Amino acid sequence: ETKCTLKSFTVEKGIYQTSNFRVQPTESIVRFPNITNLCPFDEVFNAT
Amino acid sequence: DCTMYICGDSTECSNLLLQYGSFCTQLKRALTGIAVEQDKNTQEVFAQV
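Chains D and R, in that order, are what the protein sequence lines are.
Under the numbering used here, think of the first position of the first sequence as 1, with each following residue one higher.
Under the numbering used here, think of the first position of the second sequence as 49, with each following residue one higher.
Note that these hints are calculated values from the structure, not bench results.
Beta carbons: idealized from backbone N, C-alpha and C, even for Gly.
Misleading hints may appear alongside valid ones.
As the list claims (entries may be wrong) - Simulated pairs of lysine-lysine, BS3-like, Cα-Cα distance not exceeding 30 Å:
no.	chain 1	residue 1	chain 2	residue 2
1	D	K7	R	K88
2	D	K7	R	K76
3	R	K88	D	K13
4	R	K76	D	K13
5	D	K3	R	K76
Said to hold, decoys possible - To give an idea of the chain R side of the interface with chain D (calculated C-beta under 10 Å), a few residues:
no.	residue
6	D49
7	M52
8	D57
9	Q74
10	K76
11	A78
12	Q86
13	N89
Here chain D stands alone, though its shape is the one from the complex:
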């Protein structure tokens, strides 16, 4: 990683800074609220 951060194959003695430590995104999800206020179409469908 530090060899290809400097774009070279030989690195001199010292301390070097490289890419970070971050977790790659594994999955993806969605959420939305809906528990009440149902539309009453049953009265039309239950009327003789």
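Given chain D, put chain R in place with the hints provided.
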């Protein structure tokens, strides 16, 4: 850090960053030179013995 500052945690922008390319690397070498110097300014004063 180059990538995380502008569009961190967004892989759809990181590939776009490669278009400009070596622009941010020039910033890292500029800020790293400042940090190394600060450790020499203290050495010149207090370490004369």
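Exercise. Hints broken by the structure, by number, lowest first?
Worked result: 9, 11, 12, 13
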